[PDB]
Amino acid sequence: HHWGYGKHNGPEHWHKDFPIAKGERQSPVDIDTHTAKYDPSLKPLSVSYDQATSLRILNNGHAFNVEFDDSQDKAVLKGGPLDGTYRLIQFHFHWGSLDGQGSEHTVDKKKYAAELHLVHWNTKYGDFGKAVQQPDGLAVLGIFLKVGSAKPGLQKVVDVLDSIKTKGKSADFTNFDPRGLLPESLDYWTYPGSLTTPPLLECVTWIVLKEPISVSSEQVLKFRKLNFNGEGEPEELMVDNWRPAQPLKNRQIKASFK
């Protein structure tokens, strides 16, 4: 029926409805640190989120998205391996039922508790819908979460979750600053890949940060309280909404550091 992360509609079945699932540039992937090529030509990332305007948070049935106003160059990413300006449209997470799983990308086969995705689209394409149809249409910043100390800047997010518990619920969510979710270092790995949920379009330049951010056990615990189902439907906790690593194929992972 429709795709999800259960046994009957999970990642292993997606190819039946979205054949690109077995494509040449699918994500996520395992990052082999000893095979990644340091590339001295990659520039430092430029994250300008001081003018970021958050608008709302929504449970879409597969994760929760925080959405931003992308009608102007308010929150942008540039530099790194990118040409042009990429505007932030939304962020969301992937997480596990247990602390030893949850991330999509892995590092030398290590899985983290969760993975944050900051999605941006290439302004030359005019809108999100056109950007996904192009090989360089999106730039996703991925950040790993490990469980340790609480992340103060994530608390406002944790606290509104009760109000968007089931699929299709939304809540006003203004004045959230995404700078509070960045690690100290912007060192990264980069490779050409795809969206990690259907339609799995291969339109993404991934920028994966080397340094994880820490969140407390209690913080991640609140994520696991969301539901995949809509209100008044049988309860299915939103856990394990991650796609496993895909074959690298003909691709090189480049590192911005040594």
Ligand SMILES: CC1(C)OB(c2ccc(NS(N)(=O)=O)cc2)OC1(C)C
The other form holds:
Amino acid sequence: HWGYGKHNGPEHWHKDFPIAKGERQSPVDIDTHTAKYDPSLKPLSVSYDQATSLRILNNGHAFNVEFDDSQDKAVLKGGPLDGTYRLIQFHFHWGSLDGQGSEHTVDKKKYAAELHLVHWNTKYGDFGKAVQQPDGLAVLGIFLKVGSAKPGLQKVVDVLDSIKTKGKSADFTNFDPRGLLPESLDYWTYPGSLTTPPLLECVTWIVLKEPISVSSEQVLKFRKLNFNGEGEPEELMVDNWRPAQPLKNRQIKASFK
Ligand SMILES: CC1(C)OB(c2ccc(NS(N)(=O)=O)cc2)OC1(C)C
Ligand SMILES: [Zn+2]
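The form deposited with this ligand bound is what I want next, because the block you gave corresponds to the form deposited without this ligand; please supply it.
Starting with the chain above, the whole complex follows.
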């Protein structure tokens, strides 16, 4: 199956997922000088006060902190979005070294990692129906740089030892995602897709300009995870990021300056 290795990596995905060479694929490089301020954008609203996490899972590609989305809690709206989008899960993409790891890039700069908070448009009933629509999903992307530790990320870092291999999961309740947000909500936005197979083009990307800082120790533990399942040759879970894709006919809008 698909992965990030030499024989099943990003350059191979198009064979089983033709949309990989589509017209609105993600991620993309964000040319800050070409991005245009858009006054038509309404204030971005991130309301995670009632967010209820359920568990954390190593799916062999990354680890997902899943949330209970059966009720109107943890919602993203405003900005380029029409209606309400509900948080369903978040995960990260990171590198084998601090100099790489992010999927989106800023003026070609690669950050150490990137956090993806996934939300589905509530007008579609559920996530399954949402991914069949051009505006079914909204992913809030946040860059991670190595420096000071991010207090709010430690609970995630400490449970990773219990889900080292593919298929393992652990209870992960009462985690507050607000502890992973930077100060400013300044962002860039554009229409894109999932960055992992099936690469569906149903995503409105909202990428924050301000990255959060995490310690070398915290990201080092991310790199201790495995892509493989238990009892299999160990393949460290690193560099699970897709490189920048062609922008084609899309414009990146800025919410600031
Ligand atoms: C509800 C789940 C867990 O959510 B998802 C999913 C899959 C891939 C995904 N990648 S990304 N890098 O674009 O954020 C983001 C979300 O599909 C399902 C497996 C249906
Ligand atoms: Zn992602």
